[PDB]
Structure formats: structure tokens, C-alpha cells
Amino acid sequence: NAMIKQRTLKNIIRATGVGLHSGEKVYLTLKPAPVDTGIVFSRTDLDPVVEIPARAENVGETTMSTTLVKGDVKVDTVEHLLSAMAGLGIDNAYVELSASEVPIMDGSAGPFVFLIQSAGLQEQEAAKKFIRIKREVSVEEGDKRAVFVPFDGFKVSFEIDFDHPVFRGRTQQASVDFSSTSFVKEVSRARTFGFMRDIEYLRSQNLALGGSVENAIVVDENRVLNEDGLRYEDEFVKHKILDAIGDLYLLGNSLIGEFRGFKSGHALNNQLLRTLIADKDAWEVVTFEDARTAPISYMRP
């Protein structure tokens, strides 16, 4: 039988861009890593070089993006790159950065999934480990909720709630079941977004210095300002799904289960992970010695 194997990169990937929040120019380098390394961020601009494993315990700030911290060393906005890594089944990789923030690229996981697939994937000689949800686990705060439900595969449901003319109809909720729907085709191209009133407040405080219509959907009181429009009819809720997939990948292993989110953000997503990790009776580590019988499928490398 053919086991589901761990994956890394076949070749080194190089990217350049700007941090959404910092506005700083950053050089990103993706490198192959040995079996059981996981995703590890590396700040190569520092002396000595500081390594931060992409794990729930290393999550610092969770206000507008997911930030990893080790001492006072930070790696900001890891969620879109981790979403791309999770979507393509990359287990092990070194993510080298020349600055404290992952480049925003076009605001989606699209440019990352393209850079990874261009370099190609390398299957490694070790079984891929999955975390299977055995019991329900939920976290709430006010009207926000995030839940893990046992499910034979991988499924993400998300609902947003904006009282705004652009956000009416069935476009405010989406469910993606990865047994029948491609992360690449239906999720990866969904861009980050911001409302003009919030952006004006951020700018007044010298925040979100790298943001523009080139790396985000900008919505005022009545419309989308981007001249070229949306990539999906429900691009906003698909971006929240992209975010949830990246934040969930801080578990350090692919999930076998279902995520449901209602107005959930980076903070509640990480509180859900921390609650699941603490509740050892709600999950177990599984491997698939026969890919045929597996409830999750990855694209060929």
C-alpha cells in the first residue's frame, strides 16, 4: 500500500514584497526542511538568527493579523502563507524573512500557492500525521463563536455579519468541503479586505502602512472601490475561510474534522486551538498507511 507521506519543497522559493501593517520591504525565502520539522519561521536579518516554529504556543498578538513571537522577536501576518502551506499539504519548511512581517503580495494566498507549486513538492519517507477531532470543542466571546466538530474529512464553514449594502444575501455564509472543492480554485484567490472608515482610523494612527487597492479589497459605506471588481461573488467570506485555514495550521498538523466559525477572528481561532490542545480527550494523532482509505486527499506532488 501507498502511505500518505510528509511533504516539503522540492526547491528553494524566493519572493519579495511589502508588509501590510509595517509597510517595510521584505525578502521571503522558502526552503526544504527535514521530516518532523514542521513550518519554522526564521528572522535572517537578526544576529543571532531567530527561529520561530509556526505553532499555537508561539502566537503573540492577534489584533489584525496572526503574529508569532519569541522573546521580543516577531513575525507578523503569517496566516495567508500558512493557509497556502496547509492547502498544498506542506508539512516541513523553513520560512526565511529579512523583516518582521510576511509580504502581503496581492492580499490572498494565490501568489504563495503559485510560488510553491512552481518549485514543486517533495514527498518524504515518513508518514504524514493528522490530528483527528474526536469530540466537539467550542470557544465563544460575546456573539463570536468557533467550533471543532468530528467529521470524516476536512470542512470549513464561516459566517460574517456586516450591516452594509454590499453584504446582503447568501454571500455572508460559506461552507467548503475539501473532498469535492479545491482550496486552490475556490479559496486561494480570496483577498484581504478593509472598510474605508477603519482604514482612515488606521492611517490616522500610522498603522497598516503597506495597504492599498493593489493588495486588498477596499469598501466604503456603499461599494467596493477596486476598479476591477471581485474574484468571487462571496470573496469576503472566502477570505475569512482562507484566514481560518492558516490560523488552524498553527496546530502543526493537518486536521481531520470540521471547523465552524461565526464572526471569528485570529484571536478566537487561536483560543479554539489552545482549548483543543488542552483537551487531549477531544483529539488523536493518526496516520494512513493506505492512501485509498484516507478521508483527506492532497494533490499529486
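Note that the rigid core is defined as the largest set of C-alphas that superpose within 1.5 Å between two forms. Numbering follows the first chain given and starts at 1. Compared with the form deposited in another entry:
Comparing the two forms between these two forms on the rigid core, the single residue of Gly229, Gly71, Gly142, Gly169 with a CA shift of 2 Å or greater is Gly169.
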Given for the second form:
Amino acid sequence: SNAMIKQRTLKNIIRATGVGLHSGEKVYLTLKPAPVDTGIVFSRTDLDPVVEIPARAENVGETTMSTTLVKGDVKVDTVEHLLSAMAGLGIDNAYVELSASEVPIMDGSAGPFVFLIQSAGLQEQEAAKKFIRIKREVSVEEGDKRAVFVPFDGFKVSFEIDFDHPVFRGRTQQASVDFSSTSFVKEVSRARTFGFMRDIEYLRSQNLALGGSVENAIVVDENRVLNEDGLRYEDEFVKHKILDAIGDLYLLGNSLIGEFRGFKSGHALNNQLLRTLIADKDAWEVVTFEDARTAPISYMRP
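Complement to the form deposited in one PDB entry: the form deposited in another entry:
So it's only the chain below, everything else dropped.
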């Protein structure tokens, strides 16, 4: 019906230029509109023939420093920040073209991506938006790390970090964001990625974080933030972990109706939670809404 929560795509094709956080290679990003029930599909246009990797949990390869999409030997690195923007603005179908193996880091947040998508405009499609509603509690744990899916009428993200560093200890360790009352754009999207300088030195030698800089990452010592202009939020470190979680959870293919709880969790435990959820079919269901007013999740005007 006309009053249903409709599927969404881009209104126009938008282009952006940047560098890969871990590869350091120059990359041309092209966001394009896609037909109904396509989902988010990544395309390597630098290869002949063009290789397409759908942004799904089954196509997740490595989860060391970032979330990587793999198809054979073709890779698409650091997809979590762009997928966070797609999820936050409710983009159902989109073609993501890349001229290199990694998504541009931009400023280390989802901020420029949310602006690039909203500048291009949103288009409502003649199809019902599919939602994955959490019925039962699903949790994955490994040592002192845990990732939980709790039933909730709407969408809520909770995260708890525990870094033994004065700069991290001196800041907020836990944050709960309810997207029915809080804006993804205003409070989450701007949270930049963070890294330890002494840890980044070992990574740069081991062919990782090659495109890392103070302009696209929060560089930290023991007591303070090395960035001249400081932080964007007092709780920016835990807000970025929430941003990363929203992006990782969007690999389900559909928007979530439930609560996510992250306890020192990362990209590996986030993918392991999705795989355990998909495997436990009694714990979830596919739901559509014929009336947008009755739904527990609302979206920004197209």
C-alpha cells in the first residue's frame, strides 16, 4: 500500500575521492541507485570483468582490523563506516562502485558518507521495506568479549569498552543510544575511528593502517589525544564502536528491530553474532508494515 514503509534507494549518482585506511591506495567511490530487493552491492570497477560482492554476512572474509567482503580472491576492505551511513539513513538498495580494494576512510567517521547520500537525495521504491525482528535473545562470547541481540520494540544500540589507558579511562566507557529518541546523524555519524600511536607503528610495518593520519583518525598516546582540535564528542570512542556495530549488523541485508549489546566486542564477534542469529531461525522473523504509524521504527523524510 501507499502508507507502507517503502524500500529506499538513491535519487542520483554521487561520486567521492579518498584513500584506504589500511592500504593507503587512492580510491574513487561511486554510489548509484539500485532496483527493488538488490540490497547493498559492492563493485570493483578497476577489474576486467567487474566483480560484484553483495554486502551480506556470508560474504564476510577477514575481521582483523576492519570488516572485509570476499568473493574468491577479490576483496572489499573497511565496509563498516559506509554501511553504517546506509543503515542510519535507511538505504535498502544501492550499488557501491570502487576503483580499489578499500572503501575511502574520508575523516574516519560516517559523517561525509551521510552527507554524500543525503546530497544525492533519497528515492522511495514501490516495495515494502523488510525488517528482521528479534524474537529471542541471541549472544556470542569469547573470553571477556560479548555481543548480544535482545528483543526490543524498535532499534537500540548499547556498547561498553574497557581500555587500560589513562586517556580512555578518563572518558566515557559505556553508552546506550535509542534511535526512536536520538538522531544517528547528530550523535553517532560524526564519531571518528581511533588508534594507539605505539600500536599503529607496528601495523604500518606489517602492511596495515598505511593511509592513517590525524585528519582521518584519533591518534592517541598514554595520557592525551595527539589531535590538535581534540574530540568531536566526550564519548567519541564508545560512539565509534556503536557506529562500527550499526555498519557490521547491516550485513544481515535488512534493518533490525531489537537491541544490540556490545561488551568489548569487535568486527569478528559482530559477524559471529549475525551468523549465529541467521542459523537460529526461531529467534527472528521477517516483518513488513502496511502502516508507517504502527511501526516501532521511523525514518527521515526522502
